[PDB]
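Protein chains: 2
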Amino acid sequence: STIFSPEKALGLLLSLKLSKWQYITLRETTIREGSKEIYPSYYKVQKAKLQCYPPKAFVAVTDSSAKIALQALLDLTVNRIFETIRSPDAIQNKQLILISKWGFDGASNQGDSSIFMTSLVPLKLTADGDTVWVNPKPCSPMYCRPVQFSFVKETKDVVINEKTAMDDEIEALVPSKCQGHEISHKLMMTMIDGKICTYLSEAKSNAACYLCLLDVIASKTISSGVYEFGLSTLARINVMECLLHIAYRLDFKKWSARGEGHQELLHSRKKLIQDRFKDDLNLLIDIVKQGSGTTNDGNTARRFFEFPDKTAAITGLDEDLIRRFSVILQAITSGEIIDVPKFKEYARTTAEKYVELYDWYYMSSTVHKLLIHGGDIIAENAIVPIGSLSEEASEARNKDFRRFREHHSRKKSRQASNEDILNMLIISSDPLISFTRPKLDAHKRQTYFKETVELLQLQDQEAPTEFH
Amino acid sequence: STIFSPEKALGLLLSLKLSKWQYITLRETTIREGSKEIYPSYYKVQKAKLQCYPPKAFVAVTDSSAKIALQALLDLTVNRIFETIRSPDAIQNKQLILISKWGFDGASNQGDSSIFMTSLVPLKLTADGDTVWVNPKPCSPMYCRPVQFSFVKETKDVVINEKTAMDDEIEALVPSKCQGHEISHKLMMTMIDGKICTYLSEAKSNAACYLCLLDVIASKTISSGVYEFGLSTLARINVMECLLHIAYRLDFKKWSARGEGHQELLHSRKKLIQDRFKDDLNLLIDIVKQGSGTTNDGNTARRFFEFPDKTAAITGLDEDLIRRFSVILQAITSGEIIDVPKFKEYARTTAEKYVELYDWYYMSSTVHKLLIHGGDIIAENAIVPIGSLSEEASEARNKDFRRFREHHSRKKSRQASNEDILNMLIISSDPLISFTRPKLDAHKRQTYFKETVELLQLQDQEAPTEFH
DNA sequence: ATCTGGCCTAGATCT
DNA sequence: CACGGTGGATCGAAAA
DNA sequence: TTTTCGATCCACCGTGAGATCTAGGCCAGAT
DNA sequence: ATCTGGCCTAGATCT
DNA sequence: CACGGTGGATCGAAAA
DNA sequence: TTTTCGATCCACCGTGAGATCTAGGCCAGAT
Ligand SMILES: [K+]
Ligand SMILES: [K+]
Ligand SMILES: [Mg+2]
Ligand SMILES: [Mg+2]
Ligand SMILES: [Zn+2]
Ligand SMILES: [Zn+2]
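So the sequences go chain by chain: A and E.
Mapping of the first sequence onto PDB author numbering: residues 21 to 130, 142 to 244, 253 to 273, 275 to 508, in sequence order.
Mapping of the second sequence onto PDB author numbering: residues 21 to 130, 142 to 244, 253 to 273, 275 to 508, in sequence order.
Hints may contain errors.
The list makes no distinction among identical chains, and a pair is therefore deemed to hold if it is satisfied within one copy or across any two copies.
Claimed, not checked - The list that follows gives simulated cross-link-like pairs (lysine-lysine, DSSO-like), each with its CA atoms no further than 27 Å apart:
{"id": "1", "residue 1": "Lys67", "residue 2": "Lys479"}
{"id": "2", "residue 1": "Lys452", "residue 2": "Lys439"}
{"id": "3", "residue 1": "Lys294", "residue 2": "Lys235"}
{"id": "4", "residue 1": "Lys56", "residue 2": "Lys184"}
{"id": "5", "residue 1": "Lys217", "residue 2": "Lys350"}
{"id": "6", "residue 1": "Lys64", "residue 2": "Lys479"}
{"id": "7", "residue 1": "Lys311", "residue 2": "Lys490"}
{"id": "8", "residue 1": "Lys479", "residue 2": "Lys235"}
{"id": "9", "residue 1": "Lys168", "residue 2": "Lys76"}
{"id": "10", "residue 1": "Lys479", "residue 2": "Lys56"}
Simulated from the structure, these hints should not be mistaken for laboratory data.
All chains, full assembly: derive it from the sequences and hints.
Now the structure itself:
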């Protein structure tokens, strides 16, 4: 009937960041100027705004939180993606999988102390191993689906609780159904900040490995993220700690503390290396930690690997192995896809050269996972393990929330303001809606060392400054 | 050629409060959706945006201020008003007068301490004594033309200086010219806050009157506002002070301080009346003033006349005269047009009854002007002497400035940010452009005493809460 | 065993 | 510190 | 030889996220 | 005439 | 304190 | 008996303007 369907009038209503009064006056002005058939009435705008929303028996909002039963959220997603983005019957019976990735990160608000929001972005819709739907910008806020949030300060406690709830809700849900098609789901946990990577990674450094219980007895459990968390998520901290053991034990060619005369000299070396690091680069190190195991910021681990030569000279760990750790962690943290066989052989040779540089000191668990069993988990998931919003992207999504809380919710009962935040965080995410953020500025790419670009593939949609 | 002329695409661009990127994406999206002939290109948007701007040899912006030579501003105004809002040759030679009113008021910003902006709103365009153009909402920010501003704290000093500059620039300018029509100008100063009314009114209470040098020798000088300022602008303060003299002299039936035994009892009465007022209503009074003549806030004068009965009992001034002062000041402050003969006879009878209530105390100068020569100045100007933005209106105009400073200027050299503020404060004012603010809420009208509504005419465009 | 007394975490302030 | 966002200046292609 | 059209520049000011400094509640020496 | 000492104006905080 | 601004709920007219 | 259309409601949260409280520089009693 009209030029703009409701499904595109909505896209306009979002991209221009328009209020209800603003859209109503826009359409009314276009009408008054003689043209009559361009902008759907708000009635239809909202009648599509409803098909963007899940069944209201599943959206549970309270004055403190808003939770969408993941089942309904995934049903909604796989319904919208079809409803517009596939010419139907392109496949008749081929299996469908909506490969998606989720997570959360608190962000202060400058009461509403700091939002803490689970989040979900549909990455791809694959059929029988073939692509039907691809996300044009997997690090852009275009497709951030909210699963739940609540205005609680992001302690370790609220994080561990929310992760427990969400990781059981994930195990629960059943494949979704749309127009005679039975779509299964695959969710990974990669929307993790650094702080949260510490809060979750610091359960304990456990002395085991599942595959190694050399040969393999193939039995795998990929779910609940524990594999990815322990192996590669923001292992950097552990790595800086792990090697540091050697940086102290550099005297007696062993790990234990049972020796006589080993321990006093070992303590003194810890002393002097900590004094050296404190005087040359002013970075606090493991020397002060009493709770939940030895732990440091991501600040210290990053600034450790931030320059290979300087700290490599400092610690006495010869510069080449620190070069290798810096480059492989640069690969993980980079945000680009990991080429399986090249990264795998780089890691295998790094392992070989490392063990033949230090064989007295056996393989530390976290590093043993990162290097030996490292690449095959990027393989079995085909993921970007750091995959999460860019600096400009997370900045835009947090400004999205602050806008939808301050300008696009209704200042009533408080059940409603959170209800509208949740609404617009679905609408603005709808895989069905065209949505145009202003064009980014071309930034010089993240300066990378001379041995990583072969591990990455720089045909890219990302432009972050300090992380990715 | 296209549905929206540039002159209406601009109206849309403003009313929706749209940025340049937002308008460009709006038009581009409408284009991409198949319709091609609706939204002018930004090139034409801006080519009309130029005809909204005065000749750039007159806009003088510096890192501290922005001043438009009033001549150019009035030329621009009388050009735009014709260019769209008159079917030409409706009159061929009849004289033209753009009756306008101006003023200023500082407003803090919550560096950019507080803007202090001259302002101008074209009220009417009259021809040979007949209306051609009428302002639909003379208290709305729709037509606020900026003459100059500068980010300076609003002392009495900057105000008196800016008023001197503007009142000489007004005397200077020459009738404007548009398409064979020679338009003269008439500007009044009514865009005055209360604070500014004090800062200007407190030159001195001078012992004279021009008409009275009983009969009249007709010689009049209406310009420079001095008449309106001294006579009726926010005289209320003076009135509360003037009568207060009697409220002290209630003992000896005279004005002077030469008596013996008069003065001590007079001081004691001042004491006790000040103690009574301080204990019953907690309002500070004239008793403490050492500089620039006796002066009080508008707070105290208003709260004085805020209830007739209570303070009327307190002061000993019989309640009826205070009823009359309250009602006539309510008329001035009300914001509604003043019916000349009814208001005039009300004031004449108030004068008669007052002098026959207190004749010992001669007519104080400010009150003598307000009541005896009072109405004829509303006559010779046909004005709303309080005419100035409403609460919601001034709130919207100050939010206009904060928006055009924070969102619609360019963050460059600072010559430019002020240049764009000035631009959009002209554009958003253009008498040529349709501009739709969101619809106001119906408020209960300002509660008025039972003898004023005959002085006002409540066929109204105004909806303020505390002032008008 | 008490009396205050040098440290380990949240707000405030850089960058 | 880094980046986003301002609206005009400027330039080249194009329209013609 | 004019207008129109689009992209890019200009360059700084807020903002904001991460990252550093600064104030109050708890296990060792003397009675 | 000096030495500090009770008041009259700007920022901060209600409403 | 007062008012503006939120987007949906609800209702009546209307479309038909 | 459905959809569509418009206006009005819901009612509270920021904001903001005016209006109140709170900290530093100047003319009288003793040397
Ligand atoms: K940032
Ligand atoms: K107000
Ligand atoms: Mg975080
Ligand atoms: Mg003012
Ligand atoms: Zn293993
Ligand atoms: Zn007179």
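List of violated hint numbers, smallest to largest: 4, 5, 7, 8 and 9
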